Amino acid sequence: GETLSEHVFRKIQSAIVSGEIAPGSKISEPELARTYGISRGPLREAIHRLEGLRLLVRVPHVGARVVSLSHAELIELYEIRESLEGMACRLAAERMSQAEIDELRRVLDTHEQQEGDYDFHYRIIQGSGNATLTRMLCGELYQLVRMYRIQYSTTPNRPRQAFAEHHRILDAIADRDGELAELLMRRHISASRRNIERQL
């Protein structure tokens, strides 16, 4: 079972990621507490966790604000993403069983929108054999990625460019070439960042 402080966290985290609460919105704490009817005891525990995930920001006199969704935060998020997703492909090419790679191939063929992208990257991170890697990618970093993409959709020709990048990454993992797969993942993540930048 979950605690009350955890139920409030994820329901707030979903409203921020999906866009129900706009970026930069001031969080009315006694007001939002009336929406769920729970004391401020465990409520600060929820807000403090969202500040650590850099979904909210602590303003010193005023209180908590939804993150700026700015250019500097985008560079911060894709720096770590490039390093973590890169080493995930390096370990996946080393550790993914054969049957794991064909399953990764099926998911690619069928999807031939942003959740099909999640499916491809999720297996690779899972195939890396590192649970701490999954917590930082799928648990923390992918939450801020999801709310940049909702506010800034992909450009018309991106899904075709990104799909070919996926095929080359999978082919390097199947060939057990971790050095090439890490390099291809970095280019693919860097291409995703430049897409969001062109719409800021």
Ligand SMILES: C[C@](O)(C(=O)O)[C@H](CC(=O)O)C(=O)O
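Residues that one form lacks are left out of the comparison. Numbering follows the first chain given and starts at 1. We call the rigid core whatever largest set of C-alpha positions still superposes within 1.5 Å between the two forms. What changes on going to the form solved in complex with the named molecule:
Residues present in both forms were compared between these two forms after fitting on the core; the only consecutive run of three or more with every C-alpha moved by 2 angstroms or more is 113 to 116.
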Given for the second form:
Protein chains: 2
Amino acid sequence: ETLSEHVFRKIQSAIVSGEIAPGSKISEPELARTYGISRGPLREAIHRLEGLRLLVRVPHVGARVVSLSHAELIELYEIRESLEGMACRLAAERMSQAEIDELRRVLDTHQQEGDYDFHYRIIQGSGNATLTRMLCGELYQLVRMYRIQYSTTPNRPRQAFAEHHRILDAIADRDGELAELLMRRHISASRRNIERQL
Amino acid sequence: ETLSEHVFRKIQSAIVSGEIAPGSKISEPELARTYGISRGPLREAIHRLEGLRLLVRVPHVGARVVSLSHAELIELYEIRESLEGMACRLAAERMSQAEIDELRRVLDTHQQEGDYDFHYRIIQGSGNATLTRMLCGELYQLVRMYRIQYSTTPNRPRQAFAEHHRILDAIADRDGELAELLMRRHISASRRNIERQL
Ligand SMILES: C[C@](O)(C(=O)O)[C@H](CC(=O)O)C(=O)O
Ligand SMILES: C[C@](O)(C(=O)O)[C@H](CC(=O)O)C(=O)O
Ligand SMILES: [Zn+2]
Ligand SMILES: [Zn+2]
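Having seen the form solved without the named molecule, please provide the structure of the form solved in complex with the named molecule.
The next block holds the full complex; its first chain is the one shown before.
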């Protein structure tokens, strides 16, 4: 990898983890001193970081960490509902029986840690590389910094496991229509859970 | 912008336009001489270009322009159906009456040029910035290099205008469910039109 890519993921991880507070003023000088890179590759990283809605550009000031507002949550979970739901539909037709059985194995294994492995197996089982990039590469970063800033309720881990199993049941039955619907409801339950603390 | 961003869009435009043939071996030396940049920022551009499925990485060789195969078309138009269809649903509830009337004005205005403005107004009318980036910033680049490599049939421009107007009619009636369905059918008609020459 190049240095421009190194400082990218180091800053991106500091934003998703809350290390840099949502809404902070990003100081390009003190950041170039923390990692020791010139302003060329640094501005290259901020531009990408603004593209993924992690940083936001202010005209007369500079870059700022995203507001982490309610409108941005609607924007994010909307796309995630349409994409993950379709991932369940495609995974139900395209997953081999070996991938399905391994999916139940992963689910049988079980702030909050979460079950990203469950969703990741389905997105991969959908057989769409572009879908995997848009979900796990772009959307899931802004998703995580919401779940990190706002912890779930103590009954949410139990509720999501039930939702996960019924989704798996529809996928294992080759019922993409039901799996897509069950996936959508589970995404909407996740958004309402986060909307409980704003 | 930085130089790393300049050579990015210059190569990306040379791929979408067919200037660089689909499936060609990208020569990092002769490319670094064409634009005059070091291998650091050059490798930075190829990495992003591979992310958007424009270049593909070969282990023991290097980077190659995407195969432009049939499987990649299915991968691409799948995501476009789910995203653009949802864009029509959201645009039907969220577009102001001024944006709708202006949408009919744009449609009333009318290889092939295409009606990207029509789709762009709807994606913007959806009120989702992430949706606009994923559609117009990532997917629509790989879309264009398919429509450039494979020209439509002479009756396709006429057929798409009818599809566009019925979509506009459902949006102007605040019928997101019908607009989404009509949008999906029009996306599927576009894919079959391209599938006619492979
Ligand atoms: C636990 C979870 O199901 C997950 O898969 O990580 C969560 C649910 C939630 O946060 O309410 C998710 O999918 O976002
Ligand atoms: C003409 C078109 O409707 C367009 O909006 O550019 C095309 C249709 C097609 O290519 O068959 C499109 O949307 O892809
Ligand atoms: Zn979950
Ligand atoms: Zn069209």
